[PDB]
Every structure is written in C-alpha cells, then in structure tokens.
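Take the given structure of chain E and dock chains L, G, D, F, H, C, B and A with the ligands to it, following the hints.
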Amino acid sequence: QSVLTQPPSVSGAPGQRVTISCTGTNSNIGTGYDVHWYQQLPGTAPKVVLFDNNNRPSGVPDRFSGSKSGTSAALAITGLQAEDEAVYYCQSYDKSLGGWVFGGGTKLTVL
Amino acid sequence: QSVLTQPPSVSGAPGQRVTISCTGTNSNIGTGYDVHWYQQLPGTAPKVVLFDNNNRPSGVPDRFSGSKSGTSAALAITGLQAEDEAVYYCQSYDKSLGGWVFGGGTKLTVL
Amino acid sequence: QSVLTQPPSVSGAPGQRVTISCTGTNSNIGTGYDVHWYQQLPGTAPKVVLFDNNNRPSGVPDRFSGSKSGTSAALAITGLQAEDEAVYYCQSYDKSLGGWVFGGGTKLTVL
Amino acid sequence: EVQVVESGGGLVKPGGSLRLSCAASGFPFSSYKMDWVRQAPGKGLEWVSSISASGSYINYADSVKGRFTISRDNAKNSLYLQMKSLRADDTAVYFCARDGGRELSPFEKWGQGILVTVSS
Amino acid sequence: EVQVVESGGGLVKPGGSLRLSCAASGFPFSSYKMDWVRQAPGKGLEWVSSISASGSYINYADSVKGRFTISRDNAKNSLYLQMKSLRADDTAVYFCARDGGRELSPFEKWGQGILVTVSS
Amino acid sequence: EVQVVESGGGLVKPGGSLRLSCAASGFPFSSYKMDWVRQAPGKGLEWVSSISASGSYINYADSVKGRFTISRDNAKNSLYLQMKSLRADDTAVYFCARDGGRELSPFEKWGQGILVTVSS
Amino acid sequence: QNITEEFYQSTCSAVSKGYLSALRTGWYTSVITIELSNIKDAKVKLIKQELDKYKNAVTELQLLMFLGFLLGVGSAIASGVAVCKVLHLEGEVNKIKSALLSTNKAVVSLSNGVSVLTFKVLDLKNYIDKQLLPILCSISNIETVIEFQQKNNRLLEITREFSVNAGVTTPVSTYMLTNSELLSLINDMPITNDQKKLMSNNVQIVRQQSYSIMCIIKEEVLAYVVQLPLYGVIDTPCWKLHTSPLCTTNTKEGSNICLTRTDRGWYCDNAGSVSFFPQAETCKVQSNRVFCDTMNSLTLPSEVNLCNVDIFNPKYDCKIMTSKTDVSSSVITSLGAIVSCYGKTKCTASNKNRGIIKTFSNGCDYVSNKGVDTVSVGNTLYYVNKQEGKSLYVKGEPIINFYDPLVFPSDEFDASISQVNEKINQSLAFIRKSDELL
Amino acid sequence: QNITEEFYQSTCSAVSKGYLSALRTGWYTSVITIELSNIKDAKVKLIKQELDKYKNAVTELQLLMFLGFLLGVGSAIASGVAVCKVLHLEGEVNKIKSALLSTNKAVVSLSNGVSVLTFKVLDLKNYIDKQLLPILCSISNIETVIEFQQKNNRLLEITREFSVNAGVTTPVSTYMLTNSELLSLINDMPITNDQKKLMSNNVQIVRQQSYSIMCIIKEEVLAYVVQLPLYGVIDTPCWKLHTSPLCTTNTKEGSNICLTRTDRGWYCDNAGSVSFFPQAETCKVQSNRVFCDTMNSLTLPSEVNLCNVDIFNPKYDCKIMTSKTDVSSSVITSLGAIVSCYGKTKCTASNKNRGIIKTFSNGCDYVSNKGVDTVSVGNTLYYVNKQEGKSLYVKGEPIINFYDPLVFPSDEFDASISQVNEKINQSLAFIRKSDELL
Amino acid sequence: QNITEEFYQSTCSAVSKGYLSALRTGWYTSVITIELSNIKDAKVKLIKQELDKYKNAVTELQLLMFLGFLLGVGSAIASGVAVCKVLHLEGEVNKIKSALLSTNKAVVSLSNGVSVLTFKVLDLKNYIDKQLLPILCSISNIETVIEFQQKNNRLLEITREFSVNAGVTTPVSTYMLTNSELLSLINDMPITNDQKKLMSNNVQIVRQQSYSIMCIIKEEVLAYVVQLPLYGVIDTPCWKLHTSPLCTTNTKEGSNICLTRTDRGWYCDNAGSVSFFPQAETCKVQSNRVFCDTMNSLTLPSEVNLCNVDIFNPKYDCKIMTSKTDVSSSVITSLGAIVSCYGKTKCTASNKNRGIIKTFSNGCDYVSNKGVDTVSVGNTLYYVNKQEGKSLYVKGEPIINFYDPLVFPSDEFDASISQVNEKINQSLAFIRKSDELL
Ligand SMILES: *[C@@H]1O[C@H](CO)[C@@H](O)[C@H](O)[C@H]1NC(C)=O
Ligand SMILES: *[C@@H]1O[C@H](CO)[C@@H](O)[C@H](O)[C@H]1NC(C)=O
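Residue numbers (the authors' numbering), protein chains in the order written: chain E, 1 to 9, 11 to 27, 27A to 27C, 28 to 95, 95A to 95B, 96 to 106, 106A; chain L, 1 to 9, 11 to 27, 27A to 27C, 28 to 95, 95A to 95B, 96 to 106, 106A; chain G, 1 to 9, 11 to 27, 27A to 27C, 28 to 95, 95A to 95B, 96 to 106, 106A; chain D, 1 to 52, 52A, 53 to 82, 82A to 82C, 83 to 100, 100A to 100C, 101 to 113; chain F, 1 to 52, 52A, 53 to 82, 82A to 82C, 83 to 100, 100A to 100C, 101 to 113; chain H, 1 to 52, 52A, 53 to 82, 82A to 82C, 83 to 100, 100A to 100C, 101 to 113; chain C, 26 to 65, 73 to 97, 137 to 207, 212 to 513; chain B, 26 to 65, 73 to 97, 137 to 207, 212 to 513; chain A, 26 to 65, 73 to 97, 137 to 207, 212 to 513.
Same shape as in the complex, but just chain E:
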C-alpha cells in the first residue's frame, strides 16, 4: 500500500513536547526508504523541517528532532510555540507507486 498513516490532529499546550506519528508499509518504509517532514501554513507552500528521519535543514530550531524505527517514523516538537501551528506532512519514496507518497497531514493546534 502506497500509503503513509498520520494522526488527523495533534494538540499540545505551549512549552510541552508533542509527537506526530507516521506509519508506513513494506513498499515505502519497510523497503528501507527514509522519511522527510514538511510544515505548511494555510496559504503558503510546504516547507521542509526534517529530512533523512533526523536531519534538520538550516533555519529550523532544534526543537524538531524526529526518528525512525521499524516501519514507522515520528516527529517530536519540544517546547511548543505559537509559530508551530501548522499542518505537518511526512513523505517517503514508495516503490510500488514509483514516486513520492505523502502522509495525510496532521494539524497541530497550540492550546
């Protein structure tokens, strides 16, 4: 299945650590492909906040950590801030689809 499974919504109080899960299959993560993470605001294009399951692009605060294990991946945001309110997408390469599979997206709400 060329599908990545993501929680529809995650919420957290400011200053707390939230986690967003990304469950894959044998075609994308079970094959051995890495997971990249994107942050998108409602009116703008997605912006990458994590790649290779744990690597941070330039200009991204150290609050984003990320990790992969087995057939699932997770994105962690310590010290939640109001600027983090967005929709987060995980994506991987899928061998059956022959391209990039994106996750469903997780809207992160800062309470």
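It should be emphasised that the hints constitute simulated quantities derived from the structure, not laboratory data.
It is possible that some hints are incorrect.
Unchecked claim - In silico BS3-like links for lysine-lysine, alpha-carbon gap of 27 Å or less:
no.	chain 1	residue 1	chain 2	residue 2
1	A	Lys75	A	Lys201
2	C	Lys226	A	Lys77
3	C	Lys359	C	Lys272
4	B	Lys293	C	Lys390
5	C	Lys75	B	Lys77
6	B	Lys293	A	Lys461
7	A	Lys271	H	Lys102
8	B	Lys201	B	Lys77
9	A	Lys419	A	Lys470
10	B	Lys80	C	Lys75
11	B	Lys176	B	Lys80
12	B	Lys168	B	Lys201
13	G	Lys45	A	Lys201
14	B	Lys201	B	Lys65
15	A	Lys196	B	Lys80
16	A	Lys359	A	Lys166
17	B	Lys421	B	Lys390
18	A	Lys196	B	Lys168
19	A	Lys461	A	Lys359
20	A	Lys461	A	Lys427
21	A	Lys445	A	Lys421
22	C	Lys42	C	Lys327
23	B	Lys85	A	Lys85
24	A	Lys508	A	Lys42
25	C	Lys433	C	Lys461
26	A	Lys75	C	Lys201
27	B	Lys85	C	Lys77
Leaving out everything else, chains L, G, D, F, H, C, B and A with the ligands in the frame of chain E:
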C-alpha cells in the same frame, strides 16, 4: 600469383592527365598490402614517387596522385611534362613470394 | 635426529690451520638450515665467531673461515694463536626439536 | 535567492486541456530534477510527475499517467506540465518543486502554486 | 652498551620452583626475540625457550615443556622464566640471550649467567 | 648525405661465383634493413634478398635461394651478397637498396648499380 | 546526449561537452547466502571425489576467516566490512536463516537497526541431504554424478576467487552474483526508479564498481557481502578537459618556455558546485553516461569553468605547470586530436583513403575526427576516436607569448596563473629596485 | 594487539599504533613437477577430444618455453629465474625425477649447492599409460571419460594461466598450488616454527606475495618454480601515519598557505632501525598483522618517530610539502577521520541513528569512529572504519600559523622543515641586507 | 643479441646494451565470429539446464551490447572500436556470414573500404540445429549431454570474460583466440615474413598487447573484434638506462646535496631517431627482444645518447633532479647492481657459497653479477639477475663534487644540466653584484 600486371606503355600530350594501372592478385592486394610507385630513368636507379598507394615523398610534385581500390592500383599524373617520361614500376609485398614483386614496368611517353 | 656431532677435542700447533667438523642430520642441516659457530671461555658466555656458515661478525679476525657442504659444516682457524684456546660450539635450527640444537662442544688446545 | 514561479492555470471544462508553466531564476536549473506536486482544496499533497535534470528520466503517478506530460527546457529554465483530458478530480493547487540535487532528497524549493479548476 | 643481567637463581629442592629475571638496558627491547640457554656444569649449551618480540610466539624444548613458562614485559625491558617442579637435570647456568633481530640469526648478546642448583 | 656504393661485380663463367659489397656512409646503418634488387637488361626490377637491421631475419627469392647468401657487418656499414653457381639468367645490374626504417616501407636510398655478366 | 567539442588555441586545451553523470555517492550492502550441509563402483568413486572437493572448499573458506595528489584517502569497503562485523554477533546468522527459510529473497533488519537485502543464491544443503544421502553405496545412474558436479561448481568457483583475492574481490563476477540475481537485487533496493533504470541498463558498470567481501561460515550457512554502488547524482551535465603543453617555437634548442594546464580530467555539475575527477581510471564512460567515483573527486565552485573561456579571469585561479622541455606529443580527445609539434619532429594527420591531409607546423594545433583517422607525431601513430559529434575551433593567441622569457619561472610543477604572476612580480622588482639604488 | 590512535592538531596528522610486523625479507624457491606421457563410438570420440586437449596444452607450454620516488629498483623474480636456469643444466631434471620416483615430496640438492623442496602435484603419466592406453578403440563405460576430464583439467587450467601471463603469475592460484600442497610446503621449509605458524595462518597473504614461474618441459616432466616469501622480521611494533593538508583560513580565496607532511605510510621497527613503506599497495593488513615487502621500503633511524611528537625537533628533519591550493578533503584513518575543511565547503560528521552530530569549521579537525559512521566533505561521503580501538586527540596550535606569508615558500614538492626554514632565512636576509644598505 | 653493461661512476648510472627491438607501431583489427541458433527423464533435464545456460549467455551478451608525465595521451582501442561501428551498418554482418558460409576464414572488404580477416571459431548453430533439434522427448545416451557441455563451454567462458570487463579484455585469453587460431591469424595478416616470425615465436607477448572488443549480436551470429599489434620497427638496437641518486658524503646529516638522472628507461633506435620509453610497464622483455609500445614513448634525437658518455656535452641537455634527501637504495640492472650507500646504512654484496665478498663505502658504487648473488642495503635484500653478459666499470669522479653547496639548487624535480647551471650563474651573480656594489 606473385605478379603485378602493368600496361607495357602509355602515352600522353603535355598537360593531359595520364593513368597507369597496376592490377594484383589475392597474394598482393587481396591480402591487404599497399602499393608503392617508382620512377626510373634509363641510366639511373629507381626513385620512389608514391607509397602507401597515395602518399607523396618529399620533392615530388602534387601532379602524382595515386589510389587503390579492390585488387588494383592506379598512378595518375596531371599536367604531363617532358621531365615525366620514364618507366614506372609498382611494387607490393607477397605472402607467397615472401618479398617484393615489382610491376612489369610502364614506359610513359610525352608527345 | 636432533643432534649436531662435533669432535670431542682438537689440538694444533701455533701457526697451523685446524678444522672443527660439525655433522648434522636431515632434521637440521639436511633440511637447509645454516650453521653458526660460538667461542666459549670457561667462565664467560658464548661469543659468536661465525654465522650463516661463512659470515664473520665484526671484531673477528679473518683467520676464521667456515664452510657448509651437504650435511656437514666445518670451522677453520688459520694461524693458530694462544687467544684461540677455547671451547667451540656449532649451532643450527632443528625442525623436529622446534628450536636451536647446539653441537657437543670441541675443546681447541694450542700445543 | 531562488524565484520559482508558476503560470498558465485557470478554469477548464471536464475533458479540456491546460499547459502549466514554471520558470526558475536563481540556481543552475540544468543540475536539478524538477517535480510537480498538487494539493486538492482541503486535502493533502500528492506527487504528480518528475523529470530528471537533462530529461532522460520521467515519472508519473498512476492517477495522471496517459493524460499529463511533463517537459523542461534547460535553455529557458522552464518546467511544463501540459494537462489533457482533465476531470473534476483534477482540481487542485499545483506546485512545481525542486529537490536538493540528489536522488532521494526532499523538496526544498517550491513555487507559490496555481489553482486549476475543472467543473461543468 | 647492551647490558642484560640475570637474577633470581639459587638452590631449590627437587619439585621446587624458581623465577628467573633478565633485564636489558641498551637497545630497543620490543624489537627483538629473547631466548633462554642453559649449560649444565661440564656439558654443552642447551636451548631452553624463546619468546617473540611482542610475545605472540612462544617455544620450549621438550625437556622443559609444560613445566617452564617464558614471559616478557616490554615496558620494563625484562624477561622471565618461572621454572616449576625442578629436577636434578635442571641444574645449570642459565643465560638470557638476544638474537640479531631477524628470524634465524645467531645469539649476539648474552647475559653473564646464573646458577640454579636442584639437589636433595 | 647518403652514399651507398657497390663494387665487386664483373664477368664470370657459368657456375662461378662473385661477392658484391655495398658500403653506406651517411645514415645509422644498424637501424635499417638492407635489400638487393637486380634488373636484367631491358627488363624490370626483381627483388633478390633482404637482411634485417641486426641480421636476425634473412629472406631470399626462390630464384636465388640456395645459391645467394646475403650478409652485413654493422661495424663497417657494409652489405655483401656472395652469389654462387651463377647461370645465364643471373646477369643483371644489382642495386643495394635501403628502406624507410619500418617494415613495409618503400626503398628510398639506392646504389648506382653494378653489372654482373654470366656468359660462356 | 549529443557530443560537442571546443578547442582553445590560446591555451592548447579542448573541452568535450554533452555527457551525462552517473556519480557513485554511496554504498548499499547486501548479504548473499549459500546453504551448506554437514556430512560426517566407479560412479561411487566419482561422487567421493566431488564430495571431497566440496568439503575442501568449506575448509578453505573457513581457513580464510596531474592533480591526483590533491585527493583525500578513503576506505572503499568500510561500509561492507562494518556489516560483516554485525553478522558475527550472536543470533544474526539465525535471523537471516529464518528469514530465508521459505523464500530466496528477504529484507532483514539487523541489531544495529540497518535493514539489508538477503539472497540465497545456492542451496547445497537440500541437494546433498535429499538427492544424495538416501542413495549413498551403489550408484545406478551416471546422471547424479554430473548433476552433483554442476551444482558444486559455483561453490568451488566462488572459493577460488576469494582465496586468490584474500577474501575481497572487485569487480563482482557472475559466480558471485548472476545477471538474474543482480537485476533482482537492484529492483528491491531502496532507490528511485531512475536509479533502477540506470543500474539495470548498465549492470556491467555496476559490477565493475562493486565489491564482494567474504564474511562468515556459521551454522551451515556461507555468507558474503556484496557492496553495491549508489548513484545519487545522475543525469547532470558533464564535460572532459584535455590539455597539451604549449611552448614557444624558437629554433634554438633549450631557449623555449612551456606551460600546461594541469586541471585535465572529468567535470560534473553537482548541486550548485562541480565534481572534479583528475584521474582517468576513476571514471567509466558507457556511451554518453560517465560513471565517476566521488571518492576520487574534488569539490570545486562552478567558477572553475571560467578557465576554459578566460584563463586570466579574476574569479578563479587556473592551475598550470611550467617547464623548458618542449617535446612533441599528441592528446586524443573525444572528437579529435590535439597535436603539440616542436623542434624537428614531423607531425601529420591522415585518413585511410586519401593519405596525408594535414602537415602540422611548429606549435599546438587541433584536427577534428571528421576527415581524419590517424595522427602521426614523430615515431608514434595515434588512431583518433570515430565518435559522431561537432567540433569548434576557437582561434586565439597562445598565452605563452605574453611572458618575458628572462623572468619566466619554468620549474613549477603545481603552480597557477596567479602564482606564476607572483614570481613575475618579485623578479621584476629586484631589477627595478636595484636600478634605482644604482 | 590493541589498536590505538593519536591525532596531532599541530601537524594535522594521525598515528595508529598496536600493529605487529610480518616483513618479507627474503625468497624461497621450490620446484613443482607434473609427469607427462609420451603418447602418439561416441565414447571414444570424447576420449580423443580430451586427449587432443592434453597434447595441445603440452605443445602450448613448449611454445612458451608521497615518497615512492625515493625507493630503489629490484628484480622481484630474480631468485626464481636463477633457479630456472639451473634446472636447464644437463642431469638436473633427471635428478628431480629420480628423487620423486617413490615419493611426491623431497629435498633435492642442485649443481650449485642449493637445496630446494620438490613436489609432484600431478601424475598424468601413470593415468594415461595404465588406465587409458590398454583400453585404446572400444570404450564400454562413460566413467573413464569423466575421470579423464577431471585429471587433465588442472593441467589445462595451469596452461591457460601461464599463457595469459607470459609464464609468470602472481598471486599464486590454487591451480598452481592447492591449500594442502602449500601447507605441506610451508611445513618442510627451512624456517623457524614461528614463521611456520605465521605462514600457515595467513596462506592467502602468502599467495598474494608469491610467484609461479614456468620453467621447463623436458623428458616427460613439467616443472615450474614457485617463489615463496620469507618473513624474516616478525612481531615487531608497526604504526601507520596519516597526513592531511594544513592551511590557513583567511576568507580571501588565494591568500592562504598550506603544508602537508609527506612521510605518510607504514613504519615498523627492524633491528634497531625503522622500515618505512611510503606506498599503499606494498603493505597488506590481515587483522592486526601487517605484511610489508621490504623491497619497497627505506631504512631510517629510529629518530624518524620524533616527527610525530615534535615536528621541530633537531635530531630528525621532517619531510613536508608546501602549496597555496587549499582544497577540502578527508583522510580515513584506522580509528577515525581527519577532515580538512577550507573555503565554502560544508563538512559534517554523522551516524546512522542520530544524523549529523558534528559540523566542522574551517581548518583541519579529527573525529573518532565511536559515535560516527560517515563523514561528508563537500560532495563526497566517506564511510569510516568501524574497527575497535582507543583514539586520543592531542591539542596543539597548527604550525602553519608560525610562518610569515610574505616570505613563505609555497611551491615545494619534496621539501623538509629545515629546507623551508633555510629558504625563509635567505628572503628575510635579502630584505635585511637591503634595509641596512638603505 | 648478447648483453653488455657499462656503469658510469661520474653520474651513478648504468647502460645495458645488446637488446633488439620489437616496437608496436600500428594495429590490425580482425573479426571473430560465433554462429548462434535461434532455438525456441534425467538426461533431458541435464540438456535443458545446458540449453538455458546457452540462452542465458546470449541474453547477457545482448544486454552488454620519472618522465612519464611528458607522454601524450592516446586511445588504445580507437581503431578496434571504429571497426565495431562499421559492423553495425546495414548488410555488413550478412557480408561476413556469406564470406564464412563455406570456409572458416576469409578476407572481407567492409563498406568503408578496409579489408579485415574474419574467422569463425565456434559453430553452435550446426550442433544445436542438427544434433539437439530432432530429439526435442527421449534421450537414450549420456554422450550427447557431455558433448553439448564441451561445445557450449567456450561461449560461457567468453561471456564471463566480457561481462566482468565491460566488453573489452586485455590480455586476449585462449577462450577468445586459441593458439591455433592466433597462429593462423598471424600467417594471413598483411605483414612481412619477419613480422610473422616475430609474432609466431612470441605469441604470449602478442596476447598481452592485444584487445578483445565485443561488437554485435545480430542475425544469429556473435562477433567480437580482436585488435592485434603491428610491430613495424624490429631488430634495431635497444638499450636500458638505470640511474640512482648521487650525493655528497659529508658526515653531518643534512649537509649533503644530491642529483639523479631522471631519463631512466628503454631507448631504441628508430629510423634516424631514438624512441624513449620512460615507464616500466610499456616494455616487455622476452629473452633478448624488447617489446615496447610506441604510444607510451617520446621521439628524441640520436644525440640523447651523448648523456651516457658525457653528461656535460653541449649537443644535448641531460635531464636531472636535485634534492637534499640522501637515503640509501639499490637499483638492480641487467648484469649487476648499482648501490648508493649514505649515512650510517650498512651496504654489502654477497654470494651463496662464500658470504659477504664486498662491503660498500659511502657513495655510489657498482658490483657485477658474475660473483655476486645478493646485495644488502640496510634492512632490504636484493637478488641480482643471473643473466650472462660482460660488465664494464668506467671510473670517473662523481659530478656532484663539481657543485658549490652554498649556491646549489636542491629542490628541482624536472631540471636539467643547463637549467641547474642557469640558476647557479644567477645566484652567483646576485652575491657578486652586491659584493662589488657594497
Ligand atoms: C543533439 O544535436 C543534434 C544536432 O545534430 C540534434 O539533432 C539533436 O536533437 C540534439 N539532441 C539530442 C538528444 O540528440
Ligand atoms: C649561465 O649558465 C650557462 C648555461 O645555462 C653557462 O654556459 C654560463 O657560463 C653561465 N653564466 C656564467 C656567467 O657563468
């Protein structure tokens, strides 16, 4: 046959392009050997005027052209001059004779 | 046999050439091992006077020559002197013993 | 500063055709593989197509295969999509995206996106 | 300038034990193989044991095998023998010897030798 | 500056023998293959024999094989022929010829030629 | 793509463009497994001989267990050797055995978290235990002797390759991995489809850039690691630089100065920079595709290409070497030949049907391969490449003519344009300073 | 033993210690003999085809019969070729046949007094004479055809190997010498017990350092000489030097000076001296043991090690090279990586489970392999060796900072500390004398 | 012919003379053809396995389809690759098939006008179509299985060689061309009889200098091109120059200057000039004949030999390198050994039966191989060549003693006698001009 066949004689008016043919056998040109051309005056030693079927030695005017095709070779002399009258010899290597066979000699007459 | 055989004693007049034989077996010299020679005084440690059957250590006079042929080796001392009066040992590596075999020792007496 | 922009998308009828154009300005266009990503209103991202740096390798999603044809012109630093036989399911905001110059890198340069509407 | 000096030998009962020590001073100790050679009074030289430059390779004569234990400590430039369960045949003068630094070279450096006496 | 000159040819009865000599002056003799070419009165050129630069390889035409023996002496820059059992067909002008220094090159240095006459 | 060539007369250098990259940037390690068996009339004697050969192979395998100086030093099989150490941990071989029990191909996650592809290419346990144990001792058919010889041959051939290579072989031969096995391995690798098409169409290059590392024999399993190239930067423009010495042409021997561009080699576009490959063994060209190993590479700014258009540009300092040895030679480029003719050397260009077409004068010149088959420089004959393409001659005054021979530094092996000018600074200063004092 | 590594920040160099020596200092030549025969239905057709293959093989064999520039030149197979000439003397072949009549292994004394081990590995004379001549033409069993194929195959494989190597092959394959034969040869060689264990446990290294020289076919015996390595210097300490360029880090592109230690390679203690091996092919490392050929070595005083602890010591003059090319690269050491990062190049260190864990600044730095799997320098990714060991970082101010850039000689390929310092003396004096004169 | 050697004490160099030339100056391309078939009980299962192996090989092949820096750059297989593109034209393959329909060897003229030898070495079409097609489902005898294996073996071995070499192999093995096929190929080439004798007697050298280039599979015929060497310059004198460093012998460690002649290598007379081969791989010596490839060569005037008899002659400028590194080494020549001993290094010469027979003093000395078997320099032992020949020691005072150490340039890799002299007269002028000015 370790033989190169040449016309007994050839004639031409000054300024006319004469051609001297040299037809060989499977042991000469059908094997892959090149043809050299020699110009000899009645009392002197032969002098090479062409080699590798088209290459001109130093000091030989561009009037001598030469070419090889199939199992025969030809020597051409454009702009015939009185100094060009001589006996012309073609030579080739033979695998059968184990050495060089010369043509029968073609006397060139300038009218 | 892991044995090197030496004459029990050798006597020679001063100025003469004396020879000490060292016959080996197929386990040491018949295998291809070289012979070293030691000179030993009654109260001191052995001192090498020949190695690789003919090579002289530094500080040893050219009177010591040595040679190896077949399954036996010999040590020769031209111009016998009073300082040469010692016990001489031949040494070889032995494959069956897995180590160094020494000769029985030859007492050289200067008559 | 990279300025990746799109143009040529509007309102088409079902079964119609459109040609999207994406022009890049501030990087060596010939050394990067370019992609198209679309986002339907209210849903997530979907990869559409890719073309390698010199056009040798072209890939399509099964949803658009046989109807979309990606192309590029390295002289003009331009990307094209050339949509044909569009359906109502094709309504989305289309992004042209550039990766990091290596095979499995994430998209790090995006256009602003242009909306394509298919309706009767 | 080489000075190899032995110590630790005396009188022991049959079946007793002793430990011999030989300390080197004037050469790169860790680059040389060390040997023990013994000479019974009135007899010839007998090779006892050998240990390679770094201790990887250890050899014994059959007369002492399973009963003598050669060892070395390259930090202290020292060689040890550690005889156990000695018999009357073990009475000899023991020399620690250094070879020429290659495999089949002769002994070039000798100690003065120490007596070991095994009598009832 | 090349001066190859022959000598030693005259009139000999059938069954006799001669020795031709060709001497070279203005080139590195030892790096060139040398040849003998003869031409009977009123006829064409016939290759006779060849010898490699150092004399390792020697070739004869079938008409002269077993009766002619080419040789060279690189010290004196000389070529010799040494024909034996001369017949009436053997009368010709004999040229010593030098090639271009490679295997299948044409002759570019010729001697003036010397007559050999075999008659009764 | 389509190959073009540009020759620069000012710097005696040629650039051939139109090539496409396949740059090896990483490694993928796979585990190849052979399942072994533990065994405690003329046809029986033939089987006994073949069985001893099988046992000896198991025992033998058990007993086993210009600018190139600027490059760094890498460890080519570090990634493969690292996986070999992981396989030595307790239970690792059992996990691979259990994963390959019902299948010949599986993805196994190791203890360190790495998932590797596992392949069982040969099953000698099954044949020996089932088709050879019940019969053995009266053999009734010669077929079993031949069939056993066919099965055991691959094991003996693999052992032969490992024993003469100290357990590490490159290229990976078809005994280590058949074409069918390699293509199956590529199709299941965690790579994109572009990488899969590139590898599947160029398996002979993939073999030449891969390693086979003998790993372990444990619990009736033979395992070796095949380290396969990862081509992470592909289909990007590449170009090759050819350089030849450029000298002055004074008749007097020993009075001439020379310079050569030392930056000859392969250049590939890579993100926003250029990968430079000075050495010639490090890059394999398969049609238009250039397979270059990034290990033997230098990372340079894109401004390095400015030396081809302007050797004297201020943005980049072009690498040169200087000398006084004006010898004649030729460099065969992709679509032609650069001829450097100096002294009394005779230089010509010919084709097979017409003979000498061009006679070179003293200096550095160029001919295309359109009408030329051979180039002769002195005593050496060169055949030119007959690849199709377009050549461009860019006329320009040779830059060796801009230098005063009295102050020219002509003993520089690893200089540059700026460094040579820096020495010209100083030498001219000494005569200038001394003149004022005098 | 236990491998440790020490990185020196002052000279941008690393030393890995703990290795043990196996230095090839000599050669042993052995003679290997095959006896041949004087020979000359569908099953008979197969035998005749195999027999023709045997005769052709006999006929084919008869028809056959930084500082590396400082090294000397040797003749590797001079000892083996010399034995081959001895075997050509009259009665030498017969002596070897007579010694091997009733045994397959013997020690034979040659005319010149040399004793060599002689081994008969194949006996095709008896099989052809006894099992194949009487039946010669009706064959009643296919077994003799297959059994003939197996016996003659080794001869054909040996002939094929000698034909593509001009009679000299290296490494020595298992067709020339099987594992059982080689172990048998080692056990009978006139070497110590320590040498026997070292060769027996590393036969694959022995094979890579030995030669097989086709010698003679005469009187129905085929003989070739295998030249085996003699490891005379064993178990001494060895260490490896890794060096990387050390440059200044000014932001201006061409304003930086560089120096690199050029004495990289292997060093082993040897009888009060040090054996230096500048090249990398000349030394094979099998676990902890280093197999270095003394032919490609220099003999240096033990004070050469002083350059590692103090490059400015007066006892030894350390070899260096200087330049102005500040390019980025990495050197992978035994237990870590040296990273030289200059200009705008991005240099990082990472591990697989955590990502980038270190970002390198400009200069040359070092990272251990404990928490690092990969190192990236620009567009190049390096895998580090995962060998166990202890690494030590020795802090120190880089010595490139002690040099005045105005008078620095930056074009020396084979300089040393003193040569650079003496050149600094002259330029400084030249401005000093002129200033005093002014 | 017969070998003499001359050692010069003035320049620490030796020259070995008496060798004969076989210089590869051209290429001959020949087309090798295998006819294939379009093919669509335990004995049948064995035949099916061999048939799959045959079909897999066809599919695999279809899927496939000192002074060395002064040399030029050639394309070694340009001529053979050019013939391969010609074979891809319409009707070319059919022309070769029709020429080989009734004979296994013919001369075919291609469309471009070139005539090539064509050879059919294997005919798998006839065997499969005539001996395996009528049967295939009952096989009565095992003979066909073994006979099929023997015929198909050469195809599988050729496929293996091409698949691990990317379609280009060198040396040419006996699977691509047997000794019988190669000798027949030589006999029909358009070469002289002298060339034929040289090639026929040295076929192993011919194999090492030839290429096998996979060309095409089309219309049931497999074709590959064998590019054979053409030895155009033969039997001319050749000589080999051996050089070793020449240093002063002052007791202080770093107070010595050195020079080495860098023009070492092979020299052969070629027309009125000399072919120089600086490298050691380019030239193969088979007995007395030297096989040198002209691609890796320089064309020099005959005056280059003046350096051997007078290094200071004005006609030719002899190439030297200068340094300050006085290390000890040895160079093994054809008939002796050059020993350069400096510092505290112990240098000796010895023979097996007598031991040390010469102890070298500091400097460059020579020893002949007549009474010497081995040479020891420091920690390395050299075996000398035991070839028969006369050696001559030419006494002379080393030219390093003519140089004033204060003004000696000792950092030159690519200098010459004249270049060093210009630097000597310049620094002498600087100190002299200031001396009079002050
Ligand atoms: C390359 O250049 C040729 C011009 O001969 C042109 O026809 C072709 O379209 C170009 N591109 C490719 C991929 O061949
Ligand atoms: C300068 O060097 C040349 C050779 O390069 C030499 O002939 C000349 O004599 C030197 N000048 C002086 C003044 O010695």
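Now for the hints, and whether the structure bears them out:
no.	hint	in the structure
1	A:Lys75 - A:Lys201	holds (18 Å)
2	C:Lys226 - A:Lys77	holds (14 Å)
3	C:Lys359 - C:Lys272	holds (18 Å)
4	B:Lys293 - C:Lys390	violated (72 Å)
5	C:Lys75 - B:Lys77	holds (21 Å)
6	B:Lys293 - A:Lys461	holds (22 Å)
7	A:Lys271 - H:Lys102	holds (25 Å)
8	B:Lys201 - B:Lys77	holds (19 Å)
9	A:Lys419 - A:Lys470	holds (25 Å)
10	B:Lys80 - C:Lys75	holds (21 Å)
11	B:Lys176 - B:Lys80	violated (32 Å)
12	B:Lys168 - B:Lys201	holds (19 Å)
13	G:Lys45 - A:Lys201	violated (84 Å)
14	B:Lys201 - B:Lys65	holds (15 Å)
15	A:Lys196 - B:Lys80	holds (23 Å)
16	A:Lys359 - A:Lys166	violated (38 Å)
17	B:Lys421 - B:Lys390	violated (39 Å)
18	A:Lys196 - B:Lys168	violated (47 Å)
19	A:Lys461 - A:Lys359	holds (18 Å)
20	A:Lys461 - A:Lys427	holds (13 Å)
21	A:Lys445 - A:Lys421	holds (22 Å)
22	C:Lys42 - C:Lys327	violated (39 Å)
23	B:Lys85 - A:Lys85	holds (23 Å)
24	A:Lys508 - A:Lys42	violated (48 Å)
25	C:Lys433 - C:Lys461	holds (18 Å)
26	A:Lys75 - C:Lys201	holds (19 Å)
27	B:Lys85 - C:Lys77	holds (24 Å)
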